[PDB]
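The data below hold one chain only, encoded as structure tokens and taken in the form deposited without this ligand.
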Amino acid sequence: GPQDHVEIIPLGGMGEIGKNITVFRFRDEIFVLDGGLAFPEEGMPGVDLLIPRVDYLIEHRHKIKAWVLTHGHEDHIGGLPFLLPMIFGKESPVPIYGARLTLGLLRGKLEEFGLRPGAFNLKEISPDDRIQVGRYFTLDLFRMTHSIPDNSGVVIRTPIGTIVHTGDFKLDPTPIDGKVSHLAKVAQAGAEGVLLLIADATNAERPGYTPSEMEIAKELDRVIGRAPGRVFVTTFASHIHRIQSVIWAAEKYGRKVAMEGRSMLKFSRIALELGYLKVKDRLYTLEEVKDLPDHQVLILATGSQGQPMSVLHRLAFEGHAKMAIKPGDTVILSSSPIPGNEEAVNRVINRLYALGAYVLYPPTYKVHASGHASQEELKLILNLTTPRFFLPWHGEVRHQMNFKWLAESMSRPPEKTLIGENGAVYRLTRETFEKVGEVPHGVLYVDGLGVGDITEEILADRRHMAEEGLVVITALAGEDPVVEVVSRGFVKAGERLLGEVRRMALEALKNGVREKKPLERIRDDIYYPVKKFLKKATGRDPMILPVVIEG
């Protein structure tokens, strides 16, 4: 009755695509689903990656009975190297479940951060395994085709009912590794009755079905076969299926594959070791291939953190240290832009063409296919589960809304669909489902020096300047008061008002001296009036830095 209710607390991945992490709780036992990162879009220079704030988990660490990872994509496990130490410290006994490849990639990262091997309790399971979590949760994972092998959804059985989480998925009828989705557990759950459905909303706006990775492999074979000279291919480091497809295409035309990008080299190494990747010869470095005929070279590349942008941007503008675009090169962008980078990629494409390269990119060219289900696939899942409650996930509000409308057009629509938000606390009972509160939530920014180096504050006033400009007022508080006003990125109309600013500042400074006021109070007497005056006369709110010095 009362004590019977599951709490679902999303800390990332809701209303957005990235840094996925969802907390599940029944009474005093918790388990977490994934812990990803989010890549920063350009315009946020210096930032290497974003991670979810996990205050709630740091506070309730003792109640965490397990951490479950659905697959090895950066936005699902990418944050763990930072989050685990924040929650448990340098070590923990807590079971961290994941498939072979998922944990394989995770260890590569943990190790890379100085985390001792075996410091954390990683339990390798099958993509289709069943695991008991504490006294209240029985998890039945099921394999789903996606853009990385060993990907799962999970049927979450609780004391008050079943929750089906589709995980990230598409229903690829012909996956590159020959491992089709396993829907038995999902259909079965549907027939018994699904209380809540949490499903991938990425392509809820798209009619039809997502093309198979096999279609892309064949199209990649096609365009690479016709390439005159060198071929560059960019994609995420974790897109193992795409990488295999490229490798196959290269090998079909006698090309040797070189690889650039720390993360991708690392992940491919692991995939090769574990058997997920196969290469007839081997993977080379840029140097080892620098002297081969153009027609015999294919380069696979991505950014240092695993995303293509930084390397595409360098090939286009700043210039890359180990490689450079030349007329005749063929560049294939075999991935889609991170949300917020669409038009930054367009500029890269424009610039790449001007360098003389034949650029092939999506959606104009079929050199990429989403790793997520389109409407026909989502409808199949909706009918398979016919959930009482529905919580669209893995997508921005428009994606979530469109999935809601899609669900509402089914034979037996959900009793209710909530639009999930990060930090929201959802209460689920056998008969109800609602948001009952919130917990601290947000994002931490990471760069070469770790977390904290860059902050919301540093970014907030970085925009205040970018959009309004700067006005520096230098005041000398003494018996010989002096005021100097200078500005930057400020409107000319406003600049011509700096003389007036200077004078009203002097009066404030002189008056401040007379009253024997502290400098900070004199700073205020200057700041406020000047701020008011300027907006009242320009409609702009430039950043006003008043510096008052006694002397």
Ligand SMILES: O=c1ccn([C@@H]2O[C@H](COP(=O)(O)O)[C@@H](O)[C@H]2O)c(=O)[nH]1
Second form
2 protein chains.
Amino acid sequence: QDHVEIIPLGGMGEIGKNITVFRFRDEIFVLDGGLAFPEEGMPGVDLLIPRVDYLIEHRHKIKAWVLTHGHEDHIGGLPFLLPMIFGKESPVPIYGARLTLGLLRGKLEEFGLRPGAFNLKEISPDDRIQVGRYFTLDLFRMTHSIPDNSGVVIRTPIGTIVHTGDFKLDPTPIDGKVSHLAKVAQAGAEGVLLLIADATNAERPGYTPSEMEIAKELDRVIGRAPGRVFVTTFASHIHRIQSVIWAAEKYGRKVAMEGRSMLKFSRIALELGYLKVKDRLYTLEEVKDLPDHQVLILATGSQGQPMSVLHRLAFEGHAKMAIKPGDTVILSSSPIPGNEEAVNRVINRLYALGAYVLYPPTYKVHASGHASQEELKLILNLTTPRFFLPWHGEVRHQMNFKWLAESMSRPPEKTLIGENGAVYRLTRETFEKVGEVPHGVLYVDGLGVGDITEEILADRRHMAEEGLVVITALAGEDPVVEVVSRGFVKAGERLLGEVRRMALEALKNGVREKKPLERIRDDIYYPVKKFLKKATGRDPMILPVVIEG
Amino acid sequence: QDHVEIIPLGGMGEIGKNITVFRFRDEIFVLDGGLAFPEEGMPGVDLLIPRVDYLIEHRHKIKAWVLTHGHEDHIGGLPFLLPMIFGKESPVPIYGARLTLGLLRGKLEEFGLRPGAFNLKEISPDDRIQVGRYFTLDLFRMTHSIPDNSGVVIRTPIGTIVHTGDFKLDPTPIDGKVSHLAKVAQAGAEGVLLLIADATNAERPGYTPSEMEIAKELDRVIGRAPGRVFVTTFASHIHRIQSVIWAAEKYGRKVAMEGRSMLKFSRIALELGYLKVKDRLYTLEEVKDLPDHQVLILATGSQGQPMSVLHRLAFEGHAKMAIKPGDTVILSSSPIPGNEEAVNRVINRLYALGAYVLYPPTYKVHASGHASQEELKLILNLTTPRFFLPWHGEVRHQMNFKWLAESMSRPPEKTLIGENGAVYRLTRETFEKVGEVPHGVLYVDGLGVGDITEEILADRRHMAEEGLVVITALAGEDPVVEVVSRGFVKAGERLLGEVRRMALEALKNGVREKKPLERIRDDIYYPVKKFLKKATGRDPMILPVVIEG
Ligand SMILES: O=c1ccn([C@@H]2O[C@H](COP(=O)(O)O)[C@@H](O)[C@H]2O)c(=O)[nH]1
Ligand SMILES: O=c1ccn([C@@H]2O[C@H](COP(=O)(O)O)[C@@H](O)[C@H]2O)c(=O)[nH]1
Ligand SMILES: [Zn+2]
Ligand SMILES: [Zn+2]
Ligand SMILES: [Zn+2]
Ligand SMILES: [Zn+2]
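Could you switch over to the form deposited with this ligand bound, since the one displayed so far is the form deposited without this ligand?
After this comes the whole thing, all chains and molecules, with the earlier chain placed first.
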């Protein structure tokens, strides 16, 4: 009769804004609460966060919030999500490792969220915590692109759920902290009911290169740089940042840092001992008049991602720095899903500015923080789950992980492709989607959350693809109709006179018939809509503005 | 004193719409005239063609048009370009190999362009032709993704220009026709003044896989397909089409073909003997009630590219066919530059529809038709040019080819990164950009060329990114102002009342001052523009519609 309910609100069928709800009877615990960065073409938007209607409604049932690591797509939404769910304070335990909470506290500060306003509980990446009456969570350290990263064995009343968390099996991590697989292998031997695993590189054969390999390559290309060196990466990629710092130090270069979020995350990492710097980190101004060959700039965008700073350096221009011939620019991160070709344009432009650009995959200046097939198969054989739920990847990633699992010695009884908002029921003998709950995203820009909406976005697309047709109609005894367009096909642009004309007949009949301005609007809208369709095969946005006299 | 002028009008700093003008004194010859396929997000547009203002102006100076191969980005623009330059007929020699001209004639037919309306001169892929008094062109066969493909040694009064054309050095081509390098090596020993070479895969190490490797892999994955098989590729990829046909035949599958352009190109290839089919090619209807395992569908979009058919199969739906669980879909081509992540979405959706999708680079079901670094270095050492002009690739490709050349035994004296519209002057001792000429693109949709413009496109983007603010103003003794918006930030949406108000003051002052409706429009536009900027940091499109009384 007993069953666990798994409800993803973000992170399924996508890479970003991870948050997964677990529930047994009337006790809930949440795993992460990340944000997702926006794709280009969606200007204005700073970040996306998952809709948590379900948690707001069941807020009093949440017994704890568990955070796996400090990447923005795992804790970036919290400064927004917490207030939405609990208000400006809460007693609910929010567990996380030292670095993870250090970064979280840093973010909360920025939102005026008091320190102890929330109950942050610092734990070990390998800790064991009891959540309410029904959940015993056994965390285990996993190598990833940030220190203090964990997976978790979720022990429930009906069996074990092994959650790999974000991971790769780096044999030689920069901080010397290898993955701890004892709890995972142990659970495998005892019997794993459900496995939830990182599908990011499920389509990639072999093993993901070690962060140390990148460190060595960065060392090489940097020691080869004739003048200045610019390195872009995510602010939360502490391992990469350390690799860069070591490179800069070895060749006598002072490290300057640009990007609010990275200076912040880096300061915190230094205070807590996760980062070490021979000298100290400097600002752009402090290295202003340094010889080109003794300067290395670590930069990212205001929100933590490299895109915005790369784009400004290449196009609109940056107020604090400018690219010049001879400069070496290294993109030490992969593009946000959807920005791949936006990055290529940036690269093209950086080259045209005279810089020597090194970027992946052409140049080995970056390595994924996720496991490739050999690492995934190892985890699959370690756990031999009865049920499988690929996560942290789009449908193709999830599907390729499913195919990978199906080719193992003891394939899972059943594998499901998880979706955001879906409700999965897990029993000792079954696993199935049994419903859905309100889900989605909320858009965030400077002017707060929601300033941008799905509707606003929908109109922008209808606009961007079909154009606009504005019909100005004066409803009086001497009716007037003017039609103008923009971004509309020239062919249709020559049919506006016919538009104006049919709008006039509608306007006159509307008046003569004492109709309300709204039904007159409809009377104009629908006919012109159909006409331009049956005439140009286009669906421009038709804005009928009907004004009395 | 003598010098050759090279003027690219398309194909430089991009992959697509290739056309290059060569000139000595008053005699011109043109190399190709392709089109470029559109990126998604640029809906409505069917194809892009290069602006040929320069050739229209100097039309009487053109002594011949030379076509290297039948790929759309080399001959696809001709049905549009020829009429624009010569009218509906011309005596000017248009040289091309058998297949190349066969496909060209097929295209011209579709535009009502009479057969002999133009002077198509069929030549051998290894021919030698004299162009006017100053040019002797020595063509040489090069393996590529279509039969009858050539590079060309352009012999001029001041030296030799070796143009590689599109190529890879496939050691085992499907048609058994290997590359002919005798003319290239010969020119290298005599001394090559300028080398123009294919930079597509200049950033890729090693050698491009042979089309035969793909043929074998396609054979494997197809023989593994439980039910129907769908294969998408460009209509002009005759080698790939043959590879697929052989696969289908070996496993007793009848081949159906969808996509006007591919049925057409394939018929022509069959008539001319470039394609061989055990049985015959069928239509969708003819294979309607065939067992799933005995059906293979070769498809592409109406214009020759796979995108539109893949998109319909995955989203909006196709009238002639539908994807069903168990179907195997193979994307046997790479995405158009800018469609990479549009393809990923299609793949995700195809998987969600229940099909087994195989696509590159995850699956080896496709191989580039362009040379990788080892093939390029071979060509570089074969020619050892004094001057170098990488072509057929974006800036990063061009730059990486430049770096590759600079690492050779005898680097070029100087390498230039070519641009469309730039004018390069070549003498025996020099090579330099000395000017520019009107250049660009023209957008083409069903309603003909130009139906879509840069302006229309610009407004669509301004619209798509910033939204819209329509201010309706009635200029009379009882002024009226109404403001409405769409795709505009909620924050700004709350400032429309303030907009209306400042528009009213402008409207009233405009009236009271007898100003013309245009200066009143400006008086409303500019202030509101600045206001919303200084208030929301956004630049929405402001459409002030001022109407008398
Ligand atoms: O905080 C982060 C760090 C990385 N990524 C993205 O996750 C994907 C995998 O990163 P990786 O394989 O390069 O480590 C990429 O699309 C990258 O842009 C994020 O969305 N958020
Ligand atoms: O007629 C064609 C054939 C291929 N391509 C494109 O050329 C690039 C290289 O193709 P390939 O390396 O896969 O052969 C790709 O972006 C592909 O979409 C075209 O633009 N036109
Ligand atoms: Zn992560
Ligand atoms: Zn993650
Ligand atoms: Zn080609
Ligand atoms: Zn080409």
